[PDB]
Every structure is written in C-alpha cells, then in structure tokens.
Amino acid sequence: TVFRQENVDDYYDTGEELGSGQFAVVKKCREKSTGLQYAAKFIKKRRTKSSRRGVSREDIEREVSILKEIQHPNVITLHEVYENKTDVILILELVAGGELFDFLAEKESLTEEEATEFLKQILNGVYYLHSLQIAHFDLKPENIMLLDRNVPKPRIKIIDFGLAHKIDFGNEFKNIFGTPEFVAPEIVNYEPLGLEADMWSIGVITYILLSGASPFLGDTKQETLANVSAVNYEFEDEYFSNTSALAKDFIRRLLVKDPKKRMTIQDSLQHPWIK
C-alpha cells in the first residue's frame, strides 16, 4: 500500500527518544497544525530480500493494517503513516505513562482487589481485539503501558502490534516467535495458533502481577521452553500465601496446554474472580 510521501518534518517537530527496538526507534513528536503530541515510530525497511536487517514490507503492511483497524480505549491508536526510501514512519498515540509493572513497583503494595482493576482493563482490550479476530501474539509486561501515571485512575494501553495477526478461517498459522517466558506451548512446539495464545500470556501476566515472580522462567533459554511445553509451574507458599483460591483457579484455567480447553476471553470476563 502507498503511504504519505511527504517529509515528516514538514508536519511534526522531532524530539526526545522515548524507546528503541532492534529494527525500530520511537521518538516524541508534536504536530505543528494542532500542537498535539504523538509518538513517531521509525521502522527501518528491509528493501533487500536477502538482507536480514530491517522489516519486510509484508510485516509492516500487516502491523499498520491491524492498527488502522483498532479503535479502543485500552489499545494504542494509529494517527498517520509516512514513508521514505529507508523508513516507514508510524505516527502513534503518545503513551508516556511507562510500564504498568514499573508503576506498581511503587510500594503501598497492591491489594488483590486493586490488582484486578488493572487486569480488568487488559481483559477489556483483549476482549475488543479477539472480537475482531485479532491475536496480539506478544502480550507480556513491557507491552502493557499506562497513558498517564499522574492521575487517580491510570489507564492501561496495550501496545506493539509487530506480531499481531488476523486469524482467518481456513489456512492455519504456526510460526515460532516471541519471548520464551511469556509464550504458549503451541508457539514453542510450532503447532497451529489462534486467539488461545493471548489467553495463555494473560495467565502468565496475572501470575506475575499477583506474586512478582515468573511461572516458567528458568535458568536458561532451553529450560524455560521446557517448563512452558511441560506446563510445569507451582503456587509456592512463599509467593501465593496471600492469594485467594479464586485468583489461582483463574490462572489454572488459563495455564493449560490444550488450546481448546483453555478459557476464552469471554469466559475470563465471567469468571467469579473477575465477576
């Protein structure tokens, strides 16, 4: 697809560098016409099939396609897309609240009920995405942001749709990817993928959110993958002594190897722990 060919500097003022990925760098910018702040994500193009640097115009085309379709309070929103000879620039909503977990890193330690409030927002955004048959495939702590950390009730924002896919009927998807510690066995074992993968990740998130420890993180890359596939984890008393039976049941129904027997997003919203 053809994106805006005009120079981004004609419409925005470049600023500080918010973050930085492997094949992408994000900067803080301000639209000249409105004075409003946004985030500029520069994705370097591959433009050379044999090249292992940059992103293919198939992966870029896909992420923007998903983004352009998204429109929910708990998910990042796309403003504009530009491109030149070396980059594809995505002007995205500015999310400067930082990582949810780093915000919770502040004492006055979260009550189980207060923890549910934040998870609820995560479920809300996932609910919205799955309803559109969209699997994020990269749900983990660092992609769970806050719009503003200086308000009574901080709003969580789900970002980074670099791995997101549109689950279409017929023709399955199996590719291997993501971060070992937060991926589902179907991803590790190169098996057919669907929306059930995000639900697994959510269970990993809640597990960490409530205990502060990871359920499958091992001493090495191999050990972690083995813990995931074998779905071996425990609720050691040292971390789950103050966790209700409902909170554990909720996680158990998400950390299940068989994708078809794993709770769906709609099932999680009606779970007695979520109410």
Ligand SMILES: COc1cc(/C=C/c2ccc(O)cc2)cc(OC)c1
The other form holds:
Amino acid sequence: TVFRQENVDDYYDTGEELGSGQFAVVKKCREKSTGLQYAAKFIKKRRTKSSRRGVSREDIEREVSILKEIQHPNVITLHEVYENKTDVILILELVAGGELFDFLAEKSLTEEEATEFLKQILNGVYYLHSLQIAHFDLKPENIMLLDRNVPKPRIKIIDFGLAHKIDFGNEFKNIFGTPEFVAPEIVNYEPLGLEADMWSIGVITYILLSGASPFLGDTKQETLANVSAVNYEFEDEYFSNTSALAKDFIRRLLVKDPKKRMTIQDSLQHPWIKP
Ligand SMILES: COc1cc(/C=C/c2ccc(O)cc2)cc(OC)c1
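Alternative state: the form deposited with the ligand bound, after the form solved without the ligand:
To see the whole picture, the full complex is given below, headed by that same chain.
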C-alpha cells in the first residue's frame, strides 16, 4: 500500500518534539489548511531487504492498517499518512498531556485515582480486543493524557507499532517489547494472543497502586527471568493500605498460563472494577 508522496512540509508545520524512539521520532505539527494540530510520527524505513536498521515496510503497513480501523475515545486516531524515500510519516491525533508515566512520578495513586485511569485503559483495550487487535506494547510510556491538569484526566493508548490482528486466536511472530511489561509467553517465544495484553495491564495496575515495578531486576535478563517465573510479590511497605480486592485483581492477571488469566471481559466484571 502506497501513501501520499507530496512533501509533508508543504502541508504541515512541525514544532516541539514529543518523543523519540529506536526508529521513530514524534513531533507536534499543525496542518496549514485547517490550523488543526496533530502529532507527526516519522518512522525510518529499511534501506535494504536484509538490514536491521529501520522498520520493514510490512511492519509499517501493519501498524497503519490497524490504526486505520480504530476509532474510540481511549485510542489515538490516524489522520493521514505520508512517505518519502527515508520515512513514513503518520499524522496522528495530538495527545499533549504527557505520559501516565511522567504523571506517575509526580505523586503512587489512591485506588480511586488508579481505577479512574485503569477503567479508561480497560475500555480502550476492550475495544481493541473486540476487534481481535492485540496491542502487545502496553506500558505507561504508551498511555498518555489529553489534559494533565484536571482531577480525572482522559487517557489514550498510543503507539500501535507492535499491534497485530489475532484472527486465529494466536500469532507466532516474536515481540521485542519492554521486559518489565511483557507476558511470560513473549519471554518464552510462545504463541501470543490477546492474553498478553491482560498481563501487561496487571503490571501497569501494580505500578499505579504502588509506584514499584513487580518484576524489575538489575538487568534485562533478570527481569525476563522474573517474568517467566512469575517472581513477584506485594511488598507490605508499598501495599499495606491497598485493598485485598485490588490485590486480587492483579493476582488474576499476573498468571503464567494465558488460558487461566483474566480476559478483558473478566477484568471489567471483576468486583474491584464492576460498578
Ligand atoms: C518515537 O518514540 C517515542 C514516541 C512516542 C510517541 C508520543 C506521542 C505523543 C503524542 C501523540 O499524539 C502520539 C505519540 C513517545 C515516546 O515516549 C513517550 C517515544
């Protein structure tokens, strides 16, 4: 699939940089014809077939194809796609309130503040999983706020760079996500489905409630080893005032066997969440 090959600079003006990654950079931008503001994600293309630098066109097209399907208040929307010899440029909805993660370091949240964020995450994931889309990269870095100055900010899931359609219940494709947040099946290179997202939600919930990462080791290999062994516990120093029901929610997500892990529908019906 080909994208618009006019120079993006003829239709947009770029501004502040919002984020920078392995093969991508995101810049605030403004469409000249409407004055509306967006985030322009510049993705570096592979220059040769056998190269390790840049993103393969297959991977870019998958990300674009998933973004084109989604429209939900808790997920970023795709406006336009451009490309040139060096980059594909996604013009994405502007989410300017900062990471949940950057917001995290400002406080540990109360259970109400955590569930208010968490319910929005679950609603967005429920939408994705209803469409058989696994995100595969859920972490605080990929959860951003529309406005960070209100008491209950609205969040949006960003960065569909690892997302896959799961039309056969599982995919076998290798997901190099962030060790602290990936499920054991990712660590062990096993078939992957929607269940991997539910584990990541469990990790996110643990961090929201405590300010601590449940599997984080001193090195990436230690973290991965801890994940595969389900080597975590609720430290009393961090969880002494957290409800047992919140702990129960997490415990039913941080489950090695994906088949026994809570699904997105289970998580919305769990007594900690269900109104
Ligand atoms: C390109 O690497 C990064 C991209 C992004 C994308 C941020 C972003 C911000 C606003 C949007 O509307 C869309 C993406 C974030 C990062 O750390 C937070 C790293």
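Only residues modelled in both forms are compared. Just so we're on the same page, rigid core means the largest C-alpha set that superposes within 1.5 Å between forms. Numbering follows the first chain given and starts at 1.
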Core-aligned Cα shift of residue 152 between these two forms, given in Å
4.6
So with the rigid core superposed, the C-alpha of residue 17 shifts by how many Å between these two forms?
1.7
